[PDB]
Amino acid sequence: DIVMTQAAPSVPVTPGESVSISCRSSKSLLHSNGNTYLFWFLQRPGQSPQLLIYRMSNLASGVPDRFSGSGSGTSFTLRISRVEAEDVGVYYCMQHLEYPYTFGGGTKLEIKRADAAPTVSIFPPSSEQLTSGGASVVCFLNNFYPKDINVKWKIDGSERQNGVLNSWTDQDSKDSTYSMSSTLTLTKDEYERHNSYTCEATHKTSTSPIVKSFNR
Amino acid sequence: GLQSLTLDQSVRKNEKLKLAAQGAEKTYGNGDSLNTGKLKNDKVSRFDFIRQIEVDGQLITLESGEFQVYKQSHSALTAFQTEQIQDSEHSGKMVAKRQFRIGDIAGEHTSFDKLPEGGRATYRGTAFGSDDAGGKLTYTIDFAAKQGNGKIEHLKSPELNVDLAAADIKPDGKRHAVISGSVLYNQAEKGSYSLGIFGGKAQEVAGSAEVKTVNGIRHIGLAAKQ
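Chain order of the listed sequences is R and L. Heads up: the first sequence at position 19 corresponds to 228 in this note's numbering, and the numbers run straight through without jumps. Heads up: the second sequence at position 166 corresponds to 206 in this note's numbering, and the numbers run straight through without jumps.
Calculated directly from the structure, the hints in this document are not laboratory data. Fair warning: there could be bad hints in the mix.
[Claimed, not checked] Listed below are the simulated DSBU-like cross-link pairs for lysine-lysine, each with C-alpha atoms no more than 35 angstroms apart in a straight line:
1. R:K236 / L:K137
2. L:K154 / L:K133
3. L:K137 / L:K154
4. L:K252 / L:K214
5. L:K133 / R:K236
6. L:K241 / L:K137
7. R:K383 / R:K361
8. R:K317 / L:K133
Could you build the full structure based on these sequences and the hints that come with them?
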C-alpha cells in the first residue's frame, strides 16, 4: 500500500495567523493524466469527516477562501491563511491514486488563545434521581484557557475524593476555550446525611481557589 | 460533395459532441447535422473531439481524441481515434487509452431495387485506420451477378492489406443495397466487411472492415467512387 505520513500529531496556531499541515506519500500521487489524487478533510469531534481539498489544490464547494493546498508529488501542504476558531479539529490527508485508499495519521489543529477564567456552576442532585435511589452533585467549570485545571469537593467541610468523574471538552469552535464537568455521585440516604456541598476549582488565572457551594 | 451528414452513432441520445478545429468549436447532439460541404472531397478531415454528458448538474467528459471525417459526393463516414477515456469501470480516472472505431456511415443509399441491371463498375478510394489514412481501396461490382469483391492496399500495418472476398449484394432492412462479406489475408479468413452502395447511379461505396491481427481487432473505414 501507499503510506501517508502526517508527522506532527498536533500544530499550534493563534487566531488571525497562518497555519500549515504537511502530508507525505510513499509514492508519487501524480497520475500520468496530470492530476494528483489527493484529498484533505476536517473532522470535528462527534462528526463525520468533511471534504476541504480535492485534486491536491482545488477547494471543495462551500469551503472558505481561507483554505488552500499545494504539493510536489510526495510532499503536500494544507494551508489556512487567516485561522478562525472554527478550524479547530483533525486534518487527514488521503490518497486515491490506487487501491487501497489510505489516510494520514492526523494533525490536531490546536488554537493558542489568551488565558481565560472558568465560570463554575454547581447543581444539587435531581428530584427525579433521588426517587430513583441515587444522588449526583454536578459541577461545571466552563470556558477557561488552558486545559490545566483541578477540582476538589467538600462535603460539610471534609474532603470528598472517591466517586467523582471528570469529563473534558475538546477546544471550543467558537472562542477556543476549554471546559470540563465534575460529578460526585452518592446514594439517596448518603447525600441527605449531610448539609453543605461545594466545588473547589484551581486555575492559573486565579491563585485564590474558585469556590461555588449550596446548603439545604 | 456531400453537403451534410447526420450524426447518429457518433453522438448518443444524452451526449454532446464538442468538435474543434483551427480555433473554432461547435457542439452537436444526436440527430444534428455536420456541415461536410465545407470539407475537401476524397480526404480525411480532422477535428479535436470531446464527448460529454451531464451528471446531477456537473458536465463530465467521457472521451477525447481526434474525430475524423471522410467526404465523398454522395456518402461520407466518421471515425473516432480515442486518446483518453473514462475508466468508470475500475479506477474512476481518465486514462490514456487509444482505440479506433467507425462512427456513422451516411449518404444517399442506392436502393437495392433501383440498381443498374448489368455491367461491371470499378471503385477507387481510401482505406483508413488508426494513425493511417493512406490506404487504397479498390472494389468491383458486377451488377448482372449482383456480386462485389475488392482489396485494401498501401496501409502501414501489413495484416491490414486484405482481400475483400466476393459477396452478394443484398437488401438491408430499408432495402438499401449492401454487401457483407469475409476479409482474407493471404487467401485465409481473418475478419469481416460491409459496404453500402451510394448515389442515384451507384456512383460510390462506403463502409468498414474488421480485421483480426496479432494486436487485436482493428477497424478500417472504407470509401470509394467510380
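Hint by hint, here is what the structure shows:
1. Our distance criterion of 35 angstroms between C-alpha atoms is met by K236 of chain R and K137 of chain L, whose separation comes to about 23 angstroms.
2. Of the pairs offered as hints, the one joining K154 of chain L and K133 of chain L is violated, with about 51 angstroms between alpha carbons and a cut-off of 35 angstroms exceeded.
3. A C-alpha spacing of about 44 angstroms is found between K137 of chain L and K154 of chain L, which places the hinted pair above 35 angstroms, so the restraint is violated.
4. At roughly 29 angstroms between alpha-carbon atoms, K252 of chain L and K214 of chain L fall within 35 angstroms of each other, so this suggested pair holds.
5. Between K133 of chain L and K236 of chain R the alpha-carbon distance is near 18 angstroms, which keeps this suggested pair within the 35 angstroms criterion.
6. Taking the CA atoms of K241 of chain L and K137 of chain L, the gap is near 42 angstroms; set against the 35 angstroms cutoff, the hint is violated.
7. This hinted pair checks out: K383 of chain R and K361 of chain R have alpha carbons roughly 28 angstroms apart, not beyond 35 angstroms.
8. For the proposed pair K317 of chain R and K133 of chain L, the alpha carbon gap of about 31 angstroms is at most 35 angstroms, so the pair holds.
Hints 2, 3, 6 from the list above are not met by this structure, while the remaining hints are.
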